[PDB]
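Asks: Let the hints inform the model, and build the full structure from the sequences given.
Number of protein chains: 2
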Amino acid sequence: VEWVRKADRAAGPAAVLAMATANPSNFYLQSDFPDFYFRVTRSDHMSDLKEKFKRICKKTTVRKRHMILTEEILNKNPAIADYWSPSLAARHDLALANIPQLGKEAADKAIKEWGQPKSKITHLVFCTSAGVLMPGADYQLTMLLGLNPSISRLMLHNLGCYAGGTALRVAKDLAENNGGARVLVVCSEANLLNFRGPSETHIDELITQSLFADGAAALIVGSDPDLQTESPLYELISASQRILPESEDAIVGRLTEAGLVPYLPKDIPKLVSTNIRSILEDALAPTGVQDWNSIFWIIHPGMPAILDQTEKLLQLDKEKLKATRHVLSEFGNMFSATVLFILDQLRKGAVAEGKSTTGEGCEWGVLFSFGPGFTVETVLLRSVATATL
Amino acid sequence: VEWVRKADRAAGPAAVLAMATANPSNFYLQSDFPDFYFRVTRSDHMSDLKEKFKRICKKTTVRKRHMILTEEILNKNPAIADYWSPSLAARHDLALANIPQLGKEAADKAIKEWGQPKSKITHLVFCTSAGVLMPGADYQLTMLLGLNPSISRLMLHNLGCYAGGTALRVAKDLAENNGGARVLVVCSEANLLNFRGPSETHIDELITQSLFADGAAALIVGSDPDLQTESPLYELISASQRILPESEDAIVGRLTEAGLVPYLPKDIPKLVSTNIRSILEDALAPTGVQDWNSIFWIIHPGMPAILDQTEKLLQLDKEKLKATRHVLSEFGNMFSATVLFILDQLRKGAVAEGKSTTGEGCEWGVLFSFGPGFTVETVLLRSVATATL
Numbered sequence: 085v086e087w088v089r090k091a092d093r094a095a096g097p098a099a100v101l102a103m104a105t106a107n108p109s110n111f112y113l114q115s116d117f118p119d120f121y122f123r124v125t126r127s128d129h130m131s132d133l134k135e136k137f138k139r140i141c142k143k144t145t146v147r148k149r150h151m152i153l154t155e156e157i158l159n160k161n162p163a164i165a166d167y168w169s170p171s172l173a174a175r176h177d178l179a180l181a182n183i184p185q186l187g188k189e190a191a192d193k194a195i196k197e198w199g200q201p202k203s204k205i206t207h208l209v210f211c212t213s214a215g216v217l218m219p220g221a222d223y224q225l226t227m228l229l230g231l232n233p234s235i236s237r238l239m240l241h242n243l244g245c246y247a248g249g250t251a252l253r254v255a256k257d258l259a260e261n262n263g264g265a266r267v268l269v270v271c272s273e274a275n276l277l278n279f280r281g282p283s284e285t286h287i288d289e290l291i292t293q294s295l296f297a298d299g300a301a302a303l304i305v306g307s308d309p310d311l312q313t314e315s316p317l318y319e320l321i322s323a324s325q326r327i328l329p330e331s332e333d334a335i336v337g338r339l340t341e342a343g344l345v346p347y348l349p350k351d352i353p354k355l356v357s358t359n360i361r362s363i364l365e366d367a368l369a370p371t372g373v374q375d376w377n378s379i380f381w382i383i384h385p386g387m388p389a390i391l392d393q394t395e396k397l398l399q400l401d402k403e404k405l406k407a408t409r410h411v412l413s414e415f416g417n418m419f420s421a422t423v424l425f426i427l428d429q430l431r432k433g434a435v436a437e438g439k440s441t442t443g444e445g446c447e448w449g450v451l452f453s454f455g456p457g458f459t460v461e462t463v464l465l466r467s468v469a470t471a472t473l
Numbered sequence: 085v086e087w088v089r090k091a092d093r094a095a096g097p098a099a100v101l102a103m104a105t106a107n108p109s110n111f112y113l114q115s116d117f118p119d120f121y122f123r124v125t126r127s128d129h130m131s132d133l134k135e136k137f138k139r140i141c142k143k144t145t146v147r148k149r150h151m152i153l154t155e156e157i158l159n160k161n162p163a164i165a166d167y168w169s170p171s172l173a174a175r176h177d178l179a180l181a182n183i184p185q186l187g188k189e190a191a192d193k194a195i196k197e198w199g200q201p202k203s204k205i206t207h208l209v210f211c212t213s214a215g216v217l218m219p220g221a222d223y224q225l226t227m228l229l230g231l232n233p234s235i236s237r238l239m240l241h242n243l244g245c246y247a248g249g250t251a252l253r254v255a256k257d258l259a260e261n262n263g264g265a266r267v268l269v270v271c272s273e274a275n276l277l278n279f280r281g282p283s284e285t286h287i288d289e290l291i292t293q294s295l296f297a298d299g300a301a302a303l304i305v306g307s308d309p310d311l312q313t314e315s316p317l318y319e320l321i322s323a324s325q326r327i328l329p330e331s332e333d334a335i336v337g338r339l340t341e342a343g344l345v346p347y348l349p350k351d352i353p354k355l356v357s358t359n360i361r362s363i364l365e366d367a368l369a370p371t372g373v374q375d376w377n378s379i380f381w382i383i384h385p386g387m388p389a390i391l392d393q394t395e396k397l398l399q400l401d402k403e404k405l406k407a408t409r410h411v412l413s414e415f416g417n418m419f420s421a422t423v424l425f426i427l428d429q430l431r432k433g434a435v436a437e438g439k440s441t442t443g444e445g446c447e448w449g450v451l452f453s454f455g456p457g458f459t460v461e462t463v464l465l466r467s468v469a470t471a472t473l
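One line per chain: the protein sequences are A and B, in this order. Take any residue in the first sequence, count from 1 to its spot, add 84: that is its number in the working numbering. Take any residue in the second sequence, count from 1 to its spot, add 84: that is its number in the working numbering.
The hints are all genuine.
For identical chains, the list gives no copy identity; a pair is met inside one copy or between any two copies.
Derived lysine-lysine pairs resembling BS3-like cross-links, with alpha carbons at most 30 Å apart:
| hint | residue 1 | residue 2 |
| --- | --- | --- |
| 1 | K350 | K202 |
| 2 | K188 | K350 |
| 3 | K134 | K350 |
| 4 | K204 | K90 |
| 5 | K148 | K196 |
| 6 | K138 | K396 |
| 7 | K439 | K402 |
| 8 | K148 | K404 |
Simulated from the structure, these hints should not be mistaken for laboratory data.
Replies: Given below as C-alpha cells:
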C-alpha cells in the first residue's frame with residue numbers, strides 16, 4: 085500500500101453528478117419521413133427509390149426523429165437537399181447558429197439538476213460531428229452559458245459515433261487528477277453535415293438518411309462529491325479505446341464540399357459480434373461478474389441489427405436493452421450523444437420503477453459505442469443505491 | 085497536507101521524456117518565395133500586389149519554410165490554385181497522404197531518443213488543423229507506427245495555432261492520473277487548407293501566405309520516470325486556458341469549399357500585450373520568480389511583431405527569445421507545432437552551449453500559445469540539470 089500527495093489532485097473515482105438531454109422542437113414521424121424526404125429533395129419522380137426508402141425506414145424501428153432542418157430551411161438552402169452540391173458554408177452557418185444553442189438547452193437542465201453555481205465548472209468537453217468551427221462550439225457554449233473565461237476546454241470535432249465514450253474517458257482523467265474539478269460534458273450532434281438527397285446510384289447511403297437525427301446530452305462529471313449538496317449517479321471505473329482487427333476502411337467519412345459522405349463497405353455487425361464478447365470480458369474482469377444478465381447495458385444503436393445480434397449472442401433478457409431500444413425508437417441515431425440519452429433513460433427508468441440502484445438494480449454496467457476505426461470505446465460503470473437520492 | 089492512496093495513479097508531475105521534429109524535404113527560401121508564389125499561381129502581371137508581398141515577406145524575418153506543396157503537386161491539383169473551382173477534396177487527399185506520415189517521421193525519432201518499446205505507449209494525442217479525416221490522423225499514425233490497438237487516442241481537429249499548448253495540457257492529466265502511462269504527443273501541421281492564390285485573399289490573408297509552413301513535432305510525456313532508463317527534459321507544472329476579454333471574433337477560420345479562409349479583424353499584437361503580464365504573473369505565482377529575465381521563454385511566433393513588443397514590454401534581454409526567433413527564421417509559422425519546435429530548439433541549444441539547465445540555465449519557464457477565441461494557452465515549465473544528460 086502506497087500513498088502520495090493529495091496536492092492539487094482529487095482522491096476518489098470520477099462520478100456522474102448530473103445528466104440532461106435536449107432536442108430541437110421540430111421532429112418527423114418515421115412513417116411520414118419518406119414522403120417528406122423525397123418532396124423536399126425534389127425527388128418525387130424516383131418512385132422505386134421512394135418505395136425502397138419506405139421499406140428501409142420501417143426496418144429501422146425508429147418512430148420519431150428531431151431535426152433542425154425544416155421544410156423552410158431546406159428551401160432557403162437548396163444545396164443541402166441535393167445529393168452532392170457545394171454547401172459546407174451553408175451547413176456550417178446552421179451549425180454555428182444551432183449546435184452551441186442546443187448544447188445550452190442540455191447544459192442548463194443538467195446544471196439545474198446539479199444544483200451548484202456555474203462558476204464551479206472548471207472543465208468543458210464538447211463533441212460534435214455536425215460542423216467544424218474556429219473557434220469551435222466549445223467557445224460559443226462557454227460564452228452563451230456565461231462560464232468562466234479561464235475554463236479549460238477540450239473541443240472534439242468529427243470523431244464519429246463513438247465520441248460519447250471518448251467524452252467519458254476524457255472526463256474521468258480531468259476530474260480525478262484535479263481536486264475540486266467539475267467537468268461539463270456536452271455532446272451536441274446533428275445531421276447537418278450528413279443530410280443530403282437520394283441518389284439512384286448511391287442507394288447504400290439511403291440507410292444513413294433513415295437513422296441519423298439531432299439531439300444534445302450534457303453531463304456533470306467530478307470526483308470527491310460533496311454529499312451534503314451533490315448526488316452521484318454513476319462511477320466511471322474504467323474507459324478504454326480499441327481498434328478492432330481486420331477493420332481497415334470499415335467506416336470512412338470524407339469532409340467534401342457537400343459535407344460528410346460516410347463510406348460503409350465492411351459489415352459492422354459481423355465485426356462487432358466477433359469482438360464484443362472479448363472486449364466486454366476484459367472490461368468486466370476486475371468486477372468478478374460472470375453472468376451477462378447481472379449487469380446493465382448501454383450499447384450505441386447505430387445499426388439496429390447489432391442490438392438483436394448482441395442479445396442473441398450473449399443470451400440477454402429482453403428487458404436489459406429496453407432503454408437502448410427506447411432512445412433509438414423515440415430519437416433515432418444522434419451520433420455520439422445517443423449513448424448518453426440511453427444512460428439518462430436507463431437512470432430515469434430505474435428510479436421511476438423502484439429499482440435498487442440507478443443501474444436497474446445491478447451494481448456494474450458497461451457502456452459500448454463504436455465508429456470510424458473500426459474504433460470501440462468501452463466504459464465500465466458502477467451504479468449508486470437509489471436510496472441515496 | 086493531505087494524503088491519498090496511490091492505487092493506479094501516478095505520484096509525480098508529468099515530465100517531457102523525449103521530443104523530436106520533422107519537416108517535408110521541400111523548402112522555399114523566403115527571398116525566392118514571392119517569385120515562386122506569383123509564378124505558379126500565374127499572377128506575375130499583378131505588379132503592385134507582388135511588390136506588397138515582397139515588403140510583407142521581408143518583414144516576417146523568415147529565411148525559409150518547408151512545404152509539402154511543390155510546383156509539380158500544384159499542377160497535379162489545379163483546384164487548389166483555381167479561384168473558380170472548389171478544392172476541399174483535393175486538399176484532404178493531400179492531407180491524408182502527408183499529415184500522418186509527417187507525424188510518423190517525428191514520432192519515430194522521439195521514440196528513438198526515448199529508448200523504450202512502442203508497446204509501452206499507452207496514450208496518443210494528435211493535433212492538426214490541416215485535414216479533418218474519418219478515421220483521423222490519430223488512427224493513421226497508430227497504424228503506421230505499429231502502436232497497440234488498445235491505445236487511448238485523443239484526436240484534436242482544427243483547434244488553431246494554440247493547440248500546441250492544448251496538447252501539453254491534455255498530456256499532463258493523462259500521465260499524472262495513470263501510473264505507468266506514457267503519452268505520445270504529435271502535432272502535424274501544414275498549409276494544405278490555407279494555401280491559395282494572392283488575388284484570392286484579402287490583406288490579412290496575404291500575410292498568412294508569407295508565414296505559414298509545414299512541420300511536425302512529437303513528444304513523450306510521462307510521470308514517475310524510471311531514472312534507470314529514462315531522462316526527463318522538462319516538467320509540466322501547470323497548464324491553463326483562457327479567453328481574453330473583448331476578443332469576440334478576433335481570429336476566425338471558416339472551413340468552406342475553397343479550404344480554410346481565415347479572418348483577423350482585430351489587433352492581435354495589441355490584445356496580447358494588454359494581457360500577457362497578468363496571465364504570466366498568475367502562472368508564475370507559485371514559483372516565487374520576481375524578474376522576467378530569470379526564466380526561459382517559449383512564445384508562439386505567429387505574429388513576429390508580438391515578439392518585439394513582448395521583448396520591450398517585459399524588458400527582456402535580446403538573448404531571451406533566441407530559441408523562438410531561430411524557429412521563426414528557419415521554419416515559419418507551423419501552426420500548433422511551432423511552440424513545440426521552439427521547446428526542442430531551446431533544449432538542444434541549452435545542452436550544446438553548456439548551460440546548467442535545459443532551460444538555458446534557468447529553472448522555471450513559461451510556454452505561451454494563442455489562437456482563435458481569442459484563446460490563450462499557458463504552460464508552466466520546470467527545467468532539469470543538464471548534468472543528468
